[PDB]
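Undergrad: Here is what each chain is made of, one letter per residue.
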Amino acid sequence: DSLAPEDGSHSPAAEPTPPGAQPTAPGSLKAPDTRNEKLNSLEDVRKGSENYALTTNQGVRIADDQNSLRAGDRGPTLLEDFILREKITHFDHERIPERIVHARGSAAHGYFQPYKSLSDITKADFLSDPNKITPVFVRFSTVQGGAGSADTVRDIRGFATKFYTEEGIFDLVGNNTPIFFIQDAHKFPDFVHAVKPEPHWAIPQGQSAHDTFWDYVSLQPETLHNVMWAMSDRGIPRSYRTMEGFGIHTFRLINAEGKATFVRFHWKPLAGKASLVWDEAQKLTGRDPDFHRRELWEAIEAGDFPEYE
Amino acid sequence: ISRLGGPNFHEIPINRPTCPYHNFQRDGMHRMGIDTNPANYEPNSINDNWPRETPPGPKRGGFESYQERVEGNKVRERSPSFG
Amino acid sequence: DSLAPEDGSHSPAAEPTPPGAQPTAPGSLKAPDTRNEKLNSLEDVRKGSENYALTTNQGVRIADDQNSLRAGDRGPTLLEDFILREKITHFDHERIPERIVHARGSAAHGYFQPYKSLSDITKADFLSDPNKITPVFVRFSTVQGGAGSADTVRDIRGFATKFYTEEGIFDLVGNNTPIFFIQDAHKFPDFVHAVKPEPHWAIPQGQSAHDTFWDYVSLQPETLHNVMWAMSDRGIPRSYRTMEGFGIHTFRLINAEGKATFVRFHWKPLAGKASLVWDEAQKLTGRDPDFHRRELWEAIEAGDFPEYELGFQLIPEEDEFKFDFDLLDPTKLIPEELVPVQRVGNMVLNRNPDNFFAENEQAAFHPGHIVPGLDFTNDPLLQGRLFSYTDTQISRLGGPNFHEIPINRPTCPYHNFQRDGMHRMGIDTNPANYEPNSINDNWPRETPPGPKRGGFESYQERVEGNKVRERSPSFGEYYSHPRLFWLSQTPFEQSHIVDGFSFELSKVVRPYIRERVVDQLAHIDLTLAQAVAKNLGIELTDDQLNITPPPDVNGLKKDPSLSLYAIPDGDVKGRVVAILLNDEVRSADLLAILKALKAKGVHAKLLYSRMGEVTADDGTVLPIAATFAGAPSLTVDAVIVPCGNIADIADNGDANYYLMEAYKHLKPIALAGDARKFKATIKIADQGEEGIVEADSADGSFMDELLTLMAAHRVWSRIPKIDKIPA
Amino acid sequence: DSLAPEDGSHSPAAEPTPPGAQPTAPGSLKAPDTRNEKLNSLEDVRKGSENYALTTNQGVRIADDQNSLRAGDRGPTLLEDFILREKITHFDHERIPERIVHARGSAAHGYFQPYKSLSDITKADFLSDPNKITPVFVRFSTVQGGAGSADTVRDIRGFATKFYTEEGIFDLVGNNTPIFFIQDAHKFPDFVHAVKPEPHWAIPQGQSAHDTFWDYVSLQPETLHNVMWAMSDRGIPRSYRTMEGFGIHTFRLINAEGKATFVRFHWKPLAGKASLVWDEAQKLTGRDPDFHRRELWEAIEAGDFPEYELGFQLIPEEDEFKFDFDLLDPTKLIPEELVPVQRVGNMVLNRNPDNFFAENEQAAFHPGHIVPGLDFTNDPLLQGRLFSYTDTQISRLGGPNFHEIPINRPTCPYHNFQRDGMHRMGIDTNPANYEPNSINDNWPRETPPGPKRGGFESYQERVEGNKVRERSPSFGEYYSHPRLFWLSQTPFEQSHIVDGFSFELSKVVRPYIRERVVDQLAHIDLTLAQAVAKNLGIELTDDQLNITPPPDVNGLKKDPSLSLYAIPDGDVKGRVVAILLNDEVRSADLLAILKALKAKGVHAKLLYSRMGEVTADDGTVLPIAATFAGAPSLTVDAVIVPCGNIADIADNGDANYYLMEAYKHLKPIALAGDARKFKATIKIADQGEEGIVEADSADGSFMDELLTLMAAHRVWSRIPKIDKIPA
Ligand code: HDD
Ligand code: HDD
Ligand code: HDD
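Residue numbers (the entry's author numbering), protein chains in the order written: chain B, 27 to 335; chain D, 420 to 502; chain C, 27 to 753; chain A, 27 to 753.
It is possible that part of the hints are untrue.
Said to hold, decoys possible - Which chain B residues stay away from chain A? Per the calculated CB distances, all over 10 Å, these:
{"hint": "1", "residue": "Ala-40"}
{"hint": "2", "residue": "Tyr-78"}
{"hint": "3", "residue": "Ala-220"}
{"hint": "4", "residue": "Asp-241"}
Unchecked claim - No more than 27 Å apart at the CA atoms, straight line, and that leaves these computed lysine-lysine pairs for DSSO-like:
{"hint": "5", "chain 1": "B", "residue 1": "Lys-309", "chain 2": "B", "residue 2": "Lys-149"}
{"hint": "6", "chain 1": "B", "residue 1": "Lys-309", "chain 2": "C", "residue 2": "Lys-73"}
{"hint": "7", "chain 1": "B", "residue 1": "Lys-309", "chain 2": "C", "residue 2": "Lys-583"}
{"hint": "8", "chain 1": "C", "residue 1": "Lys-705", "chain 2": "B", "residue 2": "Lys-309"}
Claimed, not checked - A few chain C positions that, by computed beta-carbon distances, are all more than 10 Å from chain B:
{"hint": "9", "residue": "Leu-310"}
{"hint": "10", "residue": "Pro-379"}
{"hint": "11", "residue": "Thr-553"}
These are computed hints drawn from the structure, not numbers from a lab.
Just so you know, even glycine gets a beta-carbon here, dropped at the ideal spot from N, CA and C.
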């Protein structure tokens, strides 16, 4: 009953390997020895597969997963085939709405550690002890395109970090430029509608290069600063590893004595800052629309972990 | 699908089997189970075809319908015996 | 308060205009006088905008749509700002789930009209009289990629038509190849999961070129027939206008006397069959991921309406078992040499939607939506489809009232005892919500079946057998149809199939999967298998070289109707030519070029190294449509270079590459006067070659030769020359 | 194929008819001539039924709606039965989430008209012209129970009015008491969770009589004021027609000069104030859980329209701080003795919906739906309400397009740049979906504020303070308003409050909670506290007996407007009388009875020991409406027994109990001729007593005396006599 090759060449080595040397794999199979508190806490919902019987969602073993139940082997399919209907029902409802913005994104697990206690300026527990390790989950993204759009478009990039701290989840939801296009949230649907595919025909995907975007820009000069960044090579990063991150807004740090300090957040890439050039980026959306997602996944599989200060 | 919000209603705790369940179904709203199978289809070679079908048998076998004989034309008709 | 330009140049003309001549627009503003019964019935939900106040959804006029309400102009935003919250709430919930498959699609309104009454073979009302005009809504699609994926991927294409008939909605939900990959609907999630992005990392988008797809194929030889089609140039159509459509399954036509005839449905494109080549298609997903969506919309705005002839392959009930294959097997085609396609009517797509989301995204097609005069068969793929297309709408469209979404509404009457459900629009006045009832005199009432305006009754097919989960043995043949397809292609089409398999298998990381697929190809044709094997560094064994080929299909050595190009059918109307300008164009050349193109309905785009204008030798001001890089040769069907100051562009890398890319992609190229110096960049000798038009000046003969080349689509004889071209 | 009776008795007459005379029907079939702008605007979604074929939702006629498609008439059902699957799918998804609170409610259409222009104090367009008619849709409700819970529970009632104005929808979302239980919206889930069924076992339905509610009350004295109202007979109204309505919060009116006036909204019932008594209300939840829904629908079918006068309490901005309590505290009422209610206009409810689910269940009211001329205040309960009523519709009504559900649609224009979302009905043609735009000349456009037809601008209230989660100290007083309410009630109303607390606390299992509530009552009034304590077997301590009462409210020791009954306001129109028949009724009695009731708009129910008919002494055939047990005295306002063959019913247990129950519940009873023998059943002396009408015959003053009793609602003087009745 074995369909795997006898030489075992179907299974990727569970050790760091360079891009293309092995098939890519789920993280807990590729790197079983990598752990953190969050990864450990997900074990209760991880599901295996090897050596298990194929079942319905109700736990009933399936004998023939190749055929519908019919009245004769050339007959009509019967309504009483609950195995078919459960399998097709689940398939029929697989999709959930994509994010309104930043629908295209690539994510990884990791950890954060502060260099020293910041208790003089903030009572935040995750910043209180250099030995305190906080698990993170990070998602990098474009802004305009759908979940099935291309990576190397000209766009702003999102850089969202979920810190699983001992005193609650802290999400630092930033972008790869230090400002945004607009001043007041009331205008967000206007700006986003202008940059998104135009409503009559739903064109263009992953591009601000169309009338409605530049119409809005020309009528809203507050947008010009972030437009400058988007039109620069900042808009076409070489990799999620080679871009900066910013929280954009001024927030506050609050210490134990009640003192507030204004703060803006920054991520500094250990790999440095690097971008493509336009002709390359555009052609690459055709040759490999998954280039950034792939590069992130493969760097981690190689042990070449993305790092950000 | 409407009452419980989608196709993962078997993951709501009261509905969960206490016996094993494994298959190639994926995703859907409020998906709890995180599948590690490299494959989400069968037949597959990349996971040596697991999880695997099980032939019917006296115990722990796969489900097979009783091979009742069906004979008749396709009709929307009540059986006279019900009348 | 007016932000529009004083000259009115913001507003597109409400008249047919060629691609790029005007901004595109909602269909009811571009073509307000194009009407049909369905389009007219949508007027109750169309919303205008001009001269109206900006309001909340509750009708309250907004005074300041630029600012949130705050405590001081530098203060915190207040929870009482209901205008902000309503606007952001609506934004926050704009997205609905995309279709599980065929998420990427482009749609248009049109109409269908039969050529004659089909009453002798079907009682379907929409086919009963050549005077019956039926509105349609058609959505073309890819299969694998998301709604935001690219158009010109290698994939099967969907071709779904909603017929708004006087006796109900009929949805013909087909594809652009005559078979499907699998035999039984129970396997659909397996096949789709295998072709879709792999579940760990969600790669690759819009591509079958990955391990899991070819793993499934190698283990399920039933897939090989449709795989052959996908690896051919059928997988990369030039336009939705230049592909065929097929219902795939055998259905039944039922006439008034109750006689059943088996039928397979066909759409024949008036524009002919035409496809890209792989390198062009792949690069075009980067240069313009919206290319097919754009070309469909712009053809309709130009008056180049997509047209498709509906055809039926008809097989009497008594002939069910007269072929080498099972009629109910959706992995088998019916060769036109054995059963001709009888043309029965024509469909014209003549208006774009107003709002993509409301009309395209929310449209629900389902092959179970049939009408009296049609019926199903036991095809086990069709049988399971019947369950899926109603089920899936409960999440995708939010509940069981999806038929009340305007695009989905029948134009004929509908009345029943169904009630409630999320977003219920219809307010029922019937005292009864059940039947039988006396309190409403049993209305609405059942209708017996009959020749016209009768109730639906299934054809009383005899069913005999035991309840089994079992594939019919008649379905267990996998190689003869792939071989018939292979043998029916031209030599260059065969080369492109080889290159398709070779490219895709090269992207499979696990080598044994490649080897298993090559072994399957050896069961189809050894020339195909050896050619793919050579490109993969695989050597066939002596055992593989001795595999007996499968038998012919009912005596057929080939069927040229399976080739895109063996029988010429192309027409140039609606195609487009790039014209590469210089700063002092020979106006006489351009006059003759544009006159000849206009006479044939071929569009032109004037390209230069910058935007703005250039002035011809006689003072004619020429407006520039795009730069060489902004509208690459990928987006056109041919390239013409008129004479003038050729020195202006002779050393321009983009201009030289424009011709090299077009040359590599087998497109016609025409060079007038000093533009013939560009022959050096494409390595064409002074004596010239077939496929490169050249003359001292552009003229009638010059343009006749180019338009003849365009009618043949591509210059296949150039293929031996392109491998040395660095492009 | 017609199942209706040949005599047409299945169809109710489309004319006003009294309760029970005809089957009830959808409003547009019962009263097609009753129209308003909103009702007319719904015609595009109303669906008929008569003379139409039964179809699928796709418009396909159904031939056999009695059977599934099967392989043989005794065979398995086939998956290809799309008619079955569509019908069952729709059934399977009929239900939507019920409202979090106020899930049980009953609704009607109507209209509002102001008495005079209020332009001096508000620019609200619907209040600008006495000739301007504003359509309304009103939903009355309970609070705690589910959509399937009973009407006549002890609870607060909701009173929600949707005004379809020319300048937007205004929703006045009020209750039947002038205060709420809590001060800050942050506590709303705590309070509601405490009153709702307890989470382990989901008991009790429709009742605050359980530990968690009284636990919360005992720990949150701010609740005591509205608790007092709920424990009074206010908690058990006779009908939605006989209760007051209140907006509770202080809002603002804004005039064209920008001047703000504080306002509290009031509804005054034309039918007067009237409530049940507890034993009656509780038993009625069993005998007819739909009593209030039924009475509302049947009053409208009878042409006896519920009417309510809108009134305003108006407080100038400079008087904000001149009261002992904070105007922004929703646990405090504004006594009418301090600020009179000024009459504003009248609302008439004159047509029932067609489909309860489509119009009632799907209606969305929200107090943030205001119009120019109105504004909010910093009331911290109102402030949080503004968030909830938009948010909750995303799940309840399936997404952000809930304003497109027909009942919710404005009748005035609504245009904006919002797009998409689930169930999107409107098809936007605007080239732009953003502003500012030039491509549509910036339409739809913002509108500056102005005297009429202007944009919404918030009143520029001064805000000064630090960001704090802190209750205003001015809110920290909890007992003076409960005491004012207590002191304003009649002695019998006070007894009913004592009995309400006593009964509810008896259902609290943990005795310490009862003791803690009694301690709170001792801070309100020691007479109340002692009487409740006595009924609970609790002895007040000396310390409790020495608690100083809270101060008067701005010098008031009572305000009679807080009593249901202190100032008579009852009108008998729309009430109902049970008439207990015998097998040979004295027809002269019955003629005098029925005609006197009819002249005052009082309905009658002819009751007997069986259904069918009886014949009077003169041969008149009398149709029986219900049996004694089938329409118990709980469902009527008074009981009349005419003379005749009294021996027929004298020993009937149900007939005797009918009188005992009505007697216990303080209802007027009238006995003519030999019917006076029933005085022995209710233990009434030969000389008679006030509240029992008796005479030799029903002529003379008999009916006037009974109608006078009915105008006073109940016979409160009878209370000492019922306290030992075995009934
Ligand atoms: C008021 C609306 C609004 C405004 C003004 C912004 N966003 Fe946002 N953003 C959203 C509304 C939103 C959202 C609709 O809530 C999203 C989409 C789906 C989601 O979960 O959140 C989102 C997603 C989203 C993501 C993706 C998170 C993920 O990976 O899942 C990022 C990185 C940002 N945003 C970052 C920003 C930045 C840097 C902004 C400017 C400083 C910004 N957003 C303004
Ligand atoms: C049992 C499952 C199943 C099977 C075996 C098939 N499909 Fe399908 N198809 C669906 C389940 C489905 C679906 C999940 O129900 C979709 C996705 C969203 C939808 O509305 O229907 C769909 C969408 C869909 C569309 C897009 C319609 C649109 O534009 O909205 C087309 C053209 C087809 N299919 C065509 C086919 C063809 C030609 C098939 C083989 C003969 C086929 N499908 C087999
Ligand atoms: C912050 C939460 C919150 C608070 C403090 C209140 N409510 Fe509320 N109310 C809701 C949250 C809510 C809600 C959850 O949003 C409901 C349930 C379903 C709905 O549409 O709105 C609702 C329904 C609802 C209804 C039923 C409307 C209908 O018939 O559909 C009425 C009459 C009221 N409420 C009245 C009030 C009054 C008079 C309050 C105190 C002055 C009050 N509510 C406080």
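Undergrad: Confirm or reject each hint.
TA: Hints and how they fare:
1. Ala-40: Non-interface label stands for B:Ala-40: nearest chain A Cβ at 44 Å, farther than 10 Å.
2. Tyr-78: It holds; B:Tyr-78 is separated from chain A by about 29 Å at its closest Cβ, greater than 10 Å.
3. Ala-220: Contrary to the label, B:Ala-220 does not stay out of reach of chain A, its closest Cβ about 4 Å off (not over 10 Å).
4. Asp-241: 6 Å, violated
5. B:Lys-309 / B:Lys-149: With Cα atoms ~48 Å apart, B:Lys-309 and B:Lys-149 exceed 27 Å; violated.
6. B:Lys-309 / C:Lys-73: It is violated: about 40 Å lies between the C-alpha atoms, which goes past 27 Å.
7. B:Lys-309 / C:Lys-583: 42 Å, violated
8. C:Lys-705 / B:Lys-309: Given that 27 Å is the threshold and the Cα spacing comes to 26 Å, the pair holds.
9. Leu-310: 7 Å, violated
10. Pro-379: Given a closest Cβ separation of 7 Å, the condition is violated.
11. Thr-553: Holds, because the least Cβ-Cβ distance between C:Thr-553 and chain B comes to about 27 Å, which exceeds 10 Å.
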